[PDB]
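Quick heads-up: it's one chain on its own, the form deposited without the ligand, in structure tokens.
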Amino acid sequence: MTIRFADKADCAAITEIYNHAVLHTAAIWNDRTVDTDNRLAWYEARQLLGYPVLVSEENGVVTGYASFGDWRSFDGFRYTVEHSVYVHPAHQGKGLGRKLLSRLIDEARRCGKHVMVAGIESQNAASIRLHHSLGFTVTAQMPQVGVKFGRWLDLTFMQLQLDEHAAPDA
């Protein structure tokens, strides 16, 4: 297994993993599938922001991917990012999520980001454990803020502070 930066050529595999998350999981709270061109667009936008898109690979097959984006739109949140880590359903129970997330955190420090936030369905105990093991702490428990598959969903935020330096000048 290796983890590397994604290329344009990885976007078809990313699309499959994204669409799986969308249709068959509560790991992303979006409802419709996209095409490869859409994930290329998304990929380019991330590149434009200087944000990382990582893939895990095994025997030349993309087994997972990870990225982060801005957590919120306003200026004041510009050092807080929110991650997305998705593992292909043929490839979990192999610790790829944690390895992807660890690498992502490193990239977040290179971008000077101050906090990484994870948005986790509150009932996902496995994800909560994985995040605790990387030093994340639970800072939100928000009932019924989401909706999917005919039910209201509860959201947990967890976060990890990435440095103890001062904020930028006024």
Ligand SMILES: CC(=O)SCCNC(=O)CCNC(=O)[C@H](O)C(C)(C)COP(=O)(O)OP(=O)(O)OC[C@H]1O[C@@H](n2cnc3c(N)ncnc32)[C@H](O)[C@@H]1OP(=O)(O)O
Contents of the next structure:
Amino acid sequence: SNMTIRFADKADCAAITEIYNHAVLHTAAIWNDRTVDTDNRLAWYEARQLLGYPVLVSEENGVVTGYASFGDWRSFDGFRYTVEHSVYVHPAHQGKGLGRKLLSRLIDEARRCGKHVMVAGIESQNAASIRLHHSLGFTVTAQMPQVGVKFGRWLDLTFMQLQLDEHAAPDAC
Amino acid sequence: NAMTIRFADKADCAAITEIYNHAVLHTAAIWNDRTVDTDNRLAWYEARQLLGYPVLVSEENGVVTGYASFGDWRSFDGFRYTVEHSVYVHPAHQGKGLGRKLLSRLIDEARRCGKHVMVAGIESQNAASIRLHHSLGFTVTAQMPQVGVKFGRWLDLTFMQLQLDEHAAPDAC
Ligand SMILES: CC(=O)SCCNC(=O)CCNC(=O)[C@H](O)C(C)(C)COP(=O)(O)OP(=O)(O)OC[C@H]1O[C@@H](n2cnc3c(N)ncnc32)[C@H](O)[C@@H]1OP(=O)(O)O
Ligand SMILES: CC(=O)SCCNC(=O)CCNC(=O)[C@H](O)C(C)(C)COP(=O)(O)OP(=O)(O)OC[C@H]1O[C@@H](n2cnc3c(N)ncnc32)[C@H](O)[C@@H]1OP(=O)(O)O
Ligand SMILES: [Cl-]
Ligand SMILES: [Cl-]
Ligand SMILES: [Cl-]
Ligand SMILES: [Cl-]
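Can you swap the form deposited without the ligand for the form solved in complex with the ligand?
Let's see the whole complex now, leading with the same chain.
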């Protein structure tokens, strides 16, 4: 059968690491300059599993073409219904609808996990990501000039968010 | 003469601790429910000092009446010119201009640390903190609904920021 969106396995972690490292080296999407090893992303993957948070891959005849996941925006208790997510498509497979397929599914999984808000931290010149999010119902709630640096230049940050329900705020426990 | 702003001493950490915990128990300024001990804030103070970051206190005839500090907004490399600060005035010493004196002084230290931007994470009902920041030239750059929860209600987040220089590009690696 053919492309699939599925939950990642531990064995996907090397493909994930390669995509992650490419984004570190070649995009303004990750505001760090540290490439990592397979075990780093394995530990990341496992921490997500422990919280029951999805790590998703897109695949075509058995090869990983992209990934998506979310985690807590911040570790403090008051943020426990807000997640910050990310989507990375292998550079050779970008512009083919995989980002929308991954994010669409991630939204479903966020609703399943009981989350209230998804937060996208997008570098302001990333028109593809801003459009991707717009098309899945996200709205711009921040525009923060010169709060990042990479490649020797200031970066601007756009926050976009999607509120997943209109429920009342939960109790303490 | 009766009142000063100064750098904090290790001996101020007990006073800082109780102001911090009061804010934990009774405000939406800290989106958590964990109170801390003196050693905890001691370590926090000492960690700020390793990075060359200020802890400041306001005092009146010897009594600590308020404190302010900043740290890295995020730990990733790309944020190394951006700090996130906080200011807390003792519950018995508010509305007397201490907030502004502390913040104004903290601004000077942020510049001395060569920072480009200060980010304030303010819960949107905190009119006092909003006014204070506006009075020192911060501008609102985010309005993010329902990203927190405390006290049975959704919390909304206002980001305000102040750009500290006009450098065209980062100037310190
Ligand atoms: C919160 C987020 O994680 S921010 C960081 C996102 N990741 C990155 O920036 C890393 C590098 N980029 C990528 O991996 C991908 O290109 C992504 C995730 C941004 C998008 O994934 P793709 O598979 O390329 O996106 P997809 O093909 O589904 O297209 C998404 C939208 O972008 C639009 N688009 C594509 N290129 C551009 C462009 N250059 N300018 C404007 N819009 C564009 C498409 O028309 C499409 O619009 P639609 O959804 O309204 O039809
Ligand atoms: C990024 C920030 O750290 S966000 C978190 C800030 N800290 C907290 O919220 C913790 C609890 N609150 C506090 O500690 C204090 O109320 C602070 C730090 C917000 C303000 O400290 P104060 O010493 O009261 O501030 P100060 O006397 O300088 O007054 C600041 C402004 O708020 C106004 N103000 C004071 N109290 C109130 C109030 N209850 N409601 C509305 N406005 C108020 C003052 O008029 C002044 O405004 P102006 O310049 O327009 O006249
Ligand atoms: Cl929008
Ligand atoms: Cl609903
Ligand atoms: Cl109390
Ligand atoms: Cl209360």
